[PDB]
Amino acid sequence: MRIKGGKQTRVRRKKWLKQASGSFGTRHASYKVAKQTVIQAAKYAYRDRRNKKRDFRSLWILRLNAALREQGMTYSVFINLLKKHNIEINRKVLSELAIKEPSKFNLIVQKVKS
Amino acid sequence: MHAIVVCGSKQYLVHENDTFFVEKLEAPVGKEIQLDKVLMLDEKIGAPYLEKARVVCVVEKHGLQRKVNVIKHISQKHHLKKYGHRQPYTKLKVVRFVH
Amino acid sequence: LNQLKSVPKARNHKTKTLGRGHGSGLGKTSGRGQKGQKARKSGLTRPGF
Amino acid sequence: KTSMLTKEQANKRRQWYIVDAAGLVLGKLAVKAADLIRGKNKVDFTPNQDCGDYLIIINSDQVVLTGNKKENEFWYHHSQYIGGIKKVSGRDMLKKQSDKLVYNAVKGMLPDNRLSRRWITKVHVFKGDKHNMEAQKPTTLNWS
Amino acid sequence: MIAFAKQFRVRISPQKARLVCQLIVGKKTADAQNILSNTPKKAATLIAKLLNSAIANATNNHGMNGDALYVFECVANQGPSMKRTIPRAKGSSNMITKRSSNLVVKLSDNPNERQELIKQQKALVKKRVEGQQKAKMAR
RNA sequence: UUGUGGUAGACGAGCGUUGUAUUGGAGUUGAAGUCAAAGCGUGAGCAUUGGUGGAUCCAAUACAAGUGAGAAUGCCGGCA
RNA sequence: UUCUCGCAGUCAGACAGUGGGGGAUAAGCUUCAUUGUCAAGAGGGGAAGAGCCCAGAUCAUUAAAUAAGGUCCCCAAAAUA
RNA sequence: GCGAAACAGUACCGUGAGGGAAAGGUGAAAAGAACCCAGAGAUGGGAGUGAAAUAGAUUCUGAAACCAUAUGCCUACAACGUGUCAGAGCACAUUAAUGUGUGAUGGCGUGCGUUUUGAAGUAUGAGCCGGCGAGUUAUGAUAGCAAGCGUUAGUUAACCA
Ligand SMILES: [Mg+2]
Ligand SMILES: [Mg+2]
Ligand SMILES: [Mg+2]
Numbered sequence: 001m002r003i004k005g006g007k008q009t010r011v012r013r014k015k016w017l018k019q020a021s022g023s024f025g026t027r028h029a030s031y032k033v034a035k036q037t038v039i040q041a042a043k044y045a046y047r048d049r050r051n052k053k054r055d056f057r058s059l060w061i062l063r064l065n066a067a068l069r070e071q072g073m074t075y076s077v078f079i080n081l082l083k084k085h086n087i088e089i090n091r092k093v094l095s096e097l098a099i100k101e102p103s104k105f106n107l108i109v110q111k112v113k114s
Numbered sequence: 001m002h003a004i005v006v007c008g009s010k011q012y013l014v015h016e017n018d019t020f021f022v023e024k025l026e027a028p029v030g031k032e033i034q035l036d037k038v039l040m041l042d043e044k045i046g047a048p049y050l051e052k053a054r055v056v057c058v059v060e061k062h063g064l065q066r067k068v069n070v071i072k073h074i075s076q077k078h079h080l081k082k083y084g085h086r087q088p089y090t091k092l093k094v095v096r097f098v099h
Numbered sequence: 001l002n003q004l005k006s007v008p009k010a011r012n013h014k015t016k017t018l019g020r021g022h023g024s025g026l027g028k029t030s031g032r033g034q035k036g037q038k039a040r041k042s043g044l045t046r047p048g049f
Numbered sequence: 001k002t003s004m005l006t007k008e009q010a011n012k013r014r015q016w017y018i019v020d021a022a023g024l025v026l027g028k029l030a031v032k033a034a035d036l037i038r039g040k041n042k043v044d045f046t047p048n049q050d051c052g053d054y055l056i057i058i059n060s061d062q063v064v065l066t067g068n069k070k071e072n073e074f075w076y077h078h079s080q081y082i083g084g085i086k087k088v089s090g091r092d093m094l095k096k097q098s099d100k101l102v103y104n105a106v107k108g109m110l111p112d113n114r115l116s117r118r119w120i121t122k123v124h125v126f127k128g129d130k131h132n133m134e135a136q137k138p139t140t141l142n143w144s
Numbered sequence: 001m002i003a004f005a006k007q008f009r010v011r012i013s014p015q016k017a018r019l020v021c022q023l024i025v026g027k028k029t030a031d032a033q034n035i036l037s038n039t040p041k042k043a044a045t046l047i048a049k050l051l052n053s054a055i056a057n058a059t060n061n062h063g064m065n066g067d068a069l070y071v072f073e074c075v076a077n078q079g080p081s082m083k084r085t086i087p088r089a090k091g092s093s094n095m096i097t098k099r100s101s102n103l104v105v106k107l108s109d110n111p112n113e114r115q116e117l118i119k120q121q122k123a124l125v126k127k128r129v130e131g132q133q134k135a136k137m138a139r
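Note that the protein sequences, when read in sequence, are chains A, B, C, D and E. Heads up: the first sequence begins at 1 in my numbering, then just goes up one per residue. Heads up: the second sequence begins at 1 in my numbering, then just goes up one per residue. Heads up: the third sequence begins at 1 in my numbering, then just goes up one per residue. Heads up: the fourth sequence begins at 1 in my numbering, then just goes up one per residue. Heads up: the fifth sequence begins at 1 in my numbering, then just goes up one per residue.
Bear in mind the hints are in silico, worked out from the structure with no lab data behind them. Careful: at least some of the hints might be erroneous.
To be verified - Here are the computed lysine-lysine pairs in the PhoX-like style, where the Cα-Cα straight-line distance is at most 20 Å:
(1) A/100 to D/40
(2) D/40 to D/70
(3) A/53 to B/67
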């Protein structure tokens with residue numbers, strides 16, 4: 001018994017090529033390059049799915065530092081004024097968003113002054 | 001007006017009539033769930049949590065997020081393992097918040 | 001006993017196919033190691049040796 | 001999952017400024033200028049929209065460098081040729097070209113980036129008190 | 001309302017025919033026949049005849065207006081090739097490949113004629129989604 | 001409750017292909033194959049609709065193998 | 001990690017700390033005993049580094065506290081004396 | 001699959017012994033496309049036959065690499081293993097989905113197999129696509145698992161019907 005099987009190979013390569021669309025040049029045409037680029041893209045996806053929560057926290061810190069620097073104290077002093085006194089688990093983003101709807105944030109920053 | 005609520009493990013800034021997506025809650029469509037934990041309801045800041053304060057939401061749907069197809073591949077060392085993931089979520093909106 | 005569904009109890013064991021990729025294991029080297037005398041065709045010198 | 005963080009986009013509004021760099025020092029002025037240009041101090045800093053303000057620096061030649069640097073630290077500039085090192089000293093930079101000094105000291109503090117070359121053009125360093133940018137109605141603040 | 005005309009396996013290159021086909025495309029027919037006759041190219045004596053034949057096909061067969069015509073869309077697709085051997089120093093026998101071109105010229109009558117192709121494109125997906133939806137009634 | 005990085009390498013459970021057997025069954029009211037699409041799976045892989053095409057084919061359980069390709073200055077054909 | 005049975009693979013190692021030989025208290029040198037790491041191992045520090053320091057990745061989260069290292073700007077984070 | 005489905009040991013290479021290929025399918029049936037227009041003509045476009053002429057003699061189907069055309073979006077101060085995570089504006093509207101195509105701009109980012117102590121590698125292999133292509137078989141040995149049969153057990157080979 002002889003088995004040729006050109007169906008399965010083409011279907012597999014078609015899936016790999018379909019994965020990489022919107023790629024420059026031949027990367028979406030030739031399969032040999034498409035597989036390399038899909039592998040590399042998924043590596044980058046795995047690394048960035050961690051780097052982005054590494055970075056968004058930093059952005060929230062930055063936009064909280066800026067808001068507090070216009071009241072007379074720094075972010076590195078505000079965190080004490082949440083943990084030790086008036087123990088609060090308000091998150092590190094929402095205290096950021098509260099500036100985009102301000103004058104409810106000022107209530108926070110003057111509440112810890114007690 | 002606003003409120004800050006701990007649903008799942010993420011804290012949410014939530015007003016009236018807003019739809020937000022949280023992690024799976026094990027509750028069928030249409031029922032009302034009272035999220036219990038809450039901090040900073042309205043100018044009223046509970047230090048550990050705001051006691052005797054809830055936010056009442058109606059669950060809209062259970063869904064699966066977009067597929068994340070993770071392939072990990074040691075370079076030039078005989079390894080091409082592949083795995084896929086569809087994190088389930090629940091979308092739900094608020095009706096009003098218990099004072 | 002319904003030849004349309006004929007089943008045994010247990011005899012169909014893991015067939016180590018040696019050269020069909022890595023996911024099954026036993027792939028490119030095929031269990032022969034790396035680059036020795038045994039790696040080449042017809043290794044395994046005389047039994048008592 | 002969670003509520004997506006808010007991020008302004010083409011919602012930028014930028015107000016001019018004026019600082020009279022009479023007796024400040026180079027670097028302490030430069031970090032403040034760099035932050036004011038980047039809009040790092042804005043309450044809503046979107047990292048990719050040039051949300052920062054404009055800036056005009058006046059009386060450049062009066063800025064001061066601490067210590068004996070005026071005779072010991074050199075600024076270099078090289079053409080792509082050979083033997084093209086142009087090497088000038090702090091005393092000569094505070095006289096011949098002073099605005100270029102503050103300009104360069106500010107530019108290097110910005111990231112290697114594609115808005116950095118578009119940020120830096122928001123810094124206008126006039127050498128003397130007079131200017132032609134009174135039309136834009138700047139504010140005025142001390143030591144920034 | 002297109003009335004094309006095609007010549008197959010002309011002994012010209014595809015890449016030399018595309019140079020004058022660019023000249024003729026998008027322009028009116030009165031300033032195409034003459035502008036193509038007057039240019040000094042081998043790829044012009046081979047396209048003047050074809051363009052005039054397309055004119056005649058449009059005018060006689062389909063019955064269009066004529067002085068409203070314009071060259072809708074011009075190409076020189078790759079026709080079949082010929083393979084030949086060429087001697088060399090020391091007998092190395094490179095392969096010369098003679099080219100060819102399947103020229104085709106389309107002559108439209110209404111000035112737009114392009115949104116109609118897009119309309120057919122959109123219908124071909126509208127019917128796909130519609131057949132998809134009518135088969136969602138599997139309950 | 002304790003765990004879940006991993007080459008060589010040991011072990012386990014599996015997908016797919018071609019055909020035979022019996023069992024069901026779809027097909028000119030359009031079969032396989034082929035492209036396209038904004039689906040479903042933990043993976044190998046699997047459906048749905050439409051255009052083309054113009055006669056064979058799909059699922060369940062066993063069985064048997066020329067059974068699974070990105071690399072061999074690989075072979076053949078085509079094309080840059 | 002002891003005993004029996006089936007099945008292999010391996011026998012070109014490298015560097016850092018420590019104690020010595022050869023070497024010239026020369027080598028990213030060579031040969032050993034030892035502790036690690038890499039190999040076969042990603043992340044953070046180190047500007048950039050396979051082998052140093054911290055650590056040991058089931059997958060998703062636009063959650064919180066930390067280790068080495070670090071807080072004028074690039075680059076997240078500090079002030080007083 | 002015989003080297004060979006056809007005028008193959010042909011054509012072709014070689015002084016000679018000898019070496020030695022490739023390619024098939026209209027349709028049910030030629031009803032092989034009279035006639036008209038352009039053109040020198042092949043041919044093409046209508047007509048005509050026919051179920052279909054995107055079946056037309058280039059003749060079953062007709063992927064990919066490859067070459068051209070076109071709606072939609074971006075790009076002419078920009079350092080780029082070319083993608084990813086964020087993200088504007090723009091244009092559409094689906095296997096109804098926290099949707100689709102492009103993606104100004106920020107952060108981040110030295111390919112795949114091989115062999116090596118260690119390679120992005122100034123070490124090597126691959127121009128690209130498709131197809132072909134590499135642990136099987138006979139007869140015995142030992143081990144594991146399952147089954148039949150069992151304590152004077154078990155078991156056939158050749159051969160014959
Ligand atoms: Mg090898
Ligand atoms: Mg391989
Ligand atoms: Mg070489």
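These are the hints, each one checked on the structure:
1. For the suggested pair residue 100 of chain A and residue 40 of chain D, the alpha carbons sit about 16 Å apart, so the restraint of at most 20 Å is met.
2. Taken as a hint, the residue 40 of chain D and residue 70 of chain D pair is broken in the structure, with Cα atoms around 31 Å apart against an allowance of 20 Å.
3. Distance check on the hinted pair: residue 53 of chain A and residue 67 of chain B sit about 19 Å apart at the alpha-carbon level, within 20 Å; holds.
Of the numbered hints given earlier, the model fails hint 2 alone.
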